[PDB]
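K.L.:
Residue strings, one per chain:
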Amino acid sequence: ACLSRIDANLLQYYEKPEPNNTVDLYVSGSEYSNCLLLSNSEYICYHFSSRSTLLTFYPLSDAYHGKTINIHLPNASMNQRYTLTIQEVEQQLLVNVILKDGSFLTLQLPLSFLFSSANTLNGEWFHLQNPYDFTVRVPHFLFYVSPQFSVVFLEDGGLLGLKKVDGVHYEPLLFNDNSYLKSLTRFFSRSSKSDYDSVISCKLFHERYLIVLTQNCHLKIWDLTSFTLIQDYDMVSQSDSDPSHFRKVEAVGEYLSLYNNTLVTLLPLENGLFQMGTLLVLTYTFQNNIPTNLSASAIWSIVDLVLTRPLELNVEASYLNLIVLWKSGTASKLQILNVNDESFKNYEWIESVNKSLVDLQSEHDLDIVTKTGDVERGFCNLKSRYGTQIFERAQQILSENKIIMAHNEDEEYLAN
Amino acid sequence: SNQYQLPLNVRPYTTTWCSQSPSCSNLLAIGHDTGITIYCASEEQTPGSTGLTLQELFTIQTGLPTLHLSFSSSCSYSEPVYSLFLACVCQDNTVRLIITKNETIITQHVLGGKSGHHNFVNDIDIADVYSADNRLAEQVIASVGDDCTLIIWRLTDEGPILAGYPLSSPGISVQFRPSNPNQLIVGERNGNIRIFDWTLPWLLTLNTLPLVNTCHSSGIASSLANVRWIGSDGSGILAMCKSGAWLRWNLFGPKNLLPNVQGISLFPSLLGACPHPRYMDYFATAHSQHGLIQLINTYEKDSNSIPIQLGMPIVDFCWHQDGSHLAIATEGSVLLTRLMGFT
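The listed protein sequences correspond, in order, to chains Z1 and b1. Those letters in the first sequence? Residues 2 to 29, 53 to 305, 311 to 445, per the entry's author numbering, in order. Those letters in the second sequence? Residues 5 to 83, 96 to 216, 232 to 283, 299 to 389, per the entry's author numbering, in order.
In short, the hints are calculated from the structure, not lab data. Treat the hints loosely; a few may be bogus.
Across the chosen pairs, the derived CB separations fall in these ranges [said to hold, decoys possible]:
1) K347 (chain b1) with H89 (chain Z1): 55 to 61 Å
2) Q390 (chain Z1) with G369 (chain b1): 51 to 57 Å
3) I352 (chain b1) with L395 (chain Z1): 49 to 55 Å
From the derived model, a few chain b1 residues whose C-beta atoms are all more than 12 Å from chain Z1 [what the hints assert, rightly or not]:
4) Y81
5) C164
6) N281
7) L282
8) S334
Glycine residues also receive a C-beta, built at the ideal position from the N, C-alpha and C atoms.
Kindly generate the complete structure, drawing on both the sequences and the hints.
P.N.:
Written out as structure tokens, the structure is:
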């Protein structure tokens with residue numbers, strides 16, 4: 002383990018577990057969250073709520089004094105954050121969201137407004153729109169390509185194009201699709217709820233090529249100049265073709281990321297295969318399958334992966350680095366795959382500590398410093414340790430469950 | 005229960021029986037804001053409910069507060097005249113030994129300033145050490161404070177010998193080992209527990240912090256309240272946290303790998319545990335703020351016994367040597383209460 006965990010609760014120093022400056026915008053976050061870097065060198069954070077009805081923004085480097093903005097949505101998005109995009113166009117956060125009813129919502133949030141004091145917003149910061157009939161063919165994945173262009177992926181397997189003409193209106197530019205004709209075979213139906221080989225991951229290469237990963241782990245490659253299927257690789261027929269079970273991916277997730285012209289793909293074989301080839305001209314060319322090192326049955330799920338330039342690790346022999354984030358319940362696992370050379374055959378897995386020192390010390394009773402004694406002493410201890418957001422959320426959960434402090438010295442309470 | 009009032013302007017800080025010396029075990033001292041008061045406990049006819057009453061004998065004036073108090077084995081009675101030796105701590109942050117004939121202080125030794133503790137003194141204890149010939153060779157006082165120091169103060173035939181020892185944290189209690197004055201125990205605020213041979232590194236250090244059973248989390252701050260030896264050979268060690276968590280270790299046979307037993311008082315114990323002089327497995331602990339006292343049995347015979355509940359805060363308490371009576375100083379009084387079961 003070459004890395005350690007440093008936990009940061011951006012409100013820890015302050016008594017109020019919420020910023021005084023919070024603004025609620027309304028249109029006529054504990055399920056997804058991410059950061060995005062902007063023109064001004066500042067990081068903006070965003071959260072999409074459990075229901076996918078609330079979007080929240082706040083500045084990484086000024087969470088307490090800066091403004092957090094809650095944007096309320098009329099209904100949930102069709103398929104969670106997977107039907108949502110956020111990109112900085114020109115001094116604005118452009119946010120598009122296909123909603124459940126079929127609407128295509130546009131949000132325009134000026135950069136200024138995100139770092140201003142204002143609790144008001146002027147002008148058309150949102151546009152509703154119905155470009156296609158999503159009642160019949162339900163979409164599930166929205167992918168940004170450009171300020172005017174971005175594609176839609178459908179549950180049945182089809183791609184839709186979406187071209188912006190003026191500043192607001194969008195129109196379907198359909199792609200040629202003859203994949204459906206496998207319906208002719210006795211092994212597939214159009215009407216079947218199975219059989220769909222929908223896209224589960226997608227990346228844009230050199231502005232023009234659109235690399236898609238399907239539920240059956242096919243890598244298809246679309247040329248946006250042609251709007252034509254250029255490539256179709258079966259990722260699985262390379263390694264040991266197990267007739268027993270290849271788990272066709274049953275949800276959209278982060279199963280590939282590219283750096284320059286390299287491309288790693290996550291294939292499920294005991295949840296353990298990182299294929300990585302190279303792109304070049311368009312041609313994808315295999316190099317090696319790198320398994321994972323995971324035990325206790327292998328019950329970790331990919332959260333996010335990011336292929337990137339090498340780090341400063343204890344091994345100078347490095348060419349590329351894949352950062353990998355697994356999850357199993359609320360427990361997480363961070364690993365770095367180091368590839369040594371341009372052959373993807375020599376590599377090394379680097380693990381990290383997945384609990385902070387403070388937490389480990391508390392769990393393992395290795396804390397010698399924290400003052401002992403009084404019940405209220407323990408109160409100060411825990412309050413100071415955890416921060417107000419958590420401490421008050423915990424005191425909220427207590428009273429709901431009818432657990433109430435008997436007296437000053439209720440040790441049975443503190444235990445809880 | 006029988007209740008005996010302290011003088012109207014007397015605020016008690018500490019209460020201790022003279023169990024350390026059989027000649028004087030019916031003597032009770034109360035340290036207060038102007039000195040140390042001595043009472044005598046006698047078997048009246050009474051009803052044999054509480055067949056024990058308290059008679060106030062006298063008051064030793066010192067002119068300043070007394071926070072901790074310990075009789076020595078040197079105490080004696082004569083006809096009548098009481099010859100007393102008391103170790104205590106005063107408002108000037110000094111540690112003192114006062115030798116009296118009744119209320120009159122005939123002799124006084126004071127250890128303070130820079131030569132003394134350099135912060136607040138948290139605890140004191142005293143034992144008499146005799147030579148091979150068996151004259152009084154030394155009287156030894158041990159004390160611990162917030163200056164991260166343990167002080168051993170020996171008063172010998174050729175005069176005083178002073179020694180200081182550094183601590184990793186403030187000293188919160190200290191007590192010589194029963195039947196073996198060569199050994200003693202020192203408690204640090206941080207949970208460290210030292211066994212020490214002062215005649216001589233120091234022999235052993237246990238710690239209650241990492242041992243907390245955590246079936247019920249004892250909390251973030253579980254500052255060590257008290258550690259005391261138990262048994263008449265000092266065969267055991269008992270430690271109690273402010274949180275009420277307690278632990279017991281024995282010292283004999300074979301090899302050892304954990305504390306022998308562990309538990310938790312119903313309430314916090316600001317003053318710590320007061321082990322029974324006759325029943326090792328038993329000790330008392332107070333919820334000093336609401337004025338309740340729980341009685342705990344180490345081998346779980348107890349099942350939450352709370353023989354004492356006052357409607358008032360408890361300042362201090364201690365067992366009479368007989369093991370059935372309890373003396374308790376509250377903010378304005380001292381009670382003698384007899385638990386019928388221990389008779």
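K.L.:
Could you run down the list of hints and mark each one as holding or not?
P.N.:
Do the hints match the structure? See the list:
1. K347 (chain b1) with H89 (chain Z1): 55 to 61 Å: holds, 60 Å
2. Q390 (chain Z1) with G369 (chain b1): 51 to 57 Å: Violated: the Cβ-Cβ distance is about 43 Å, outside 51 to 57 Å.
3. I352 (chain b1) with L395 (chain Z1): 49 to 55 Å: violated, 35 Å
4. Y81: holds, 40 Å
5. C164: holds, 14 Å
6. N281: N281 (chain b1) is indeed farther than 12 Å from all Cβ atoms of chain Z1, at 23 Å.
7. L282: For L282 (chain b1), whose nearest Cβ neighbour in chain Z1 is about 24 Å away, the distance exceeds 12 Å, so it holds.
8. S334: Contrary to the label, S334 (chain b1) does not stay out of reach of chain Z1, its closest Cβ about 10 Å off (not over 12 Å).
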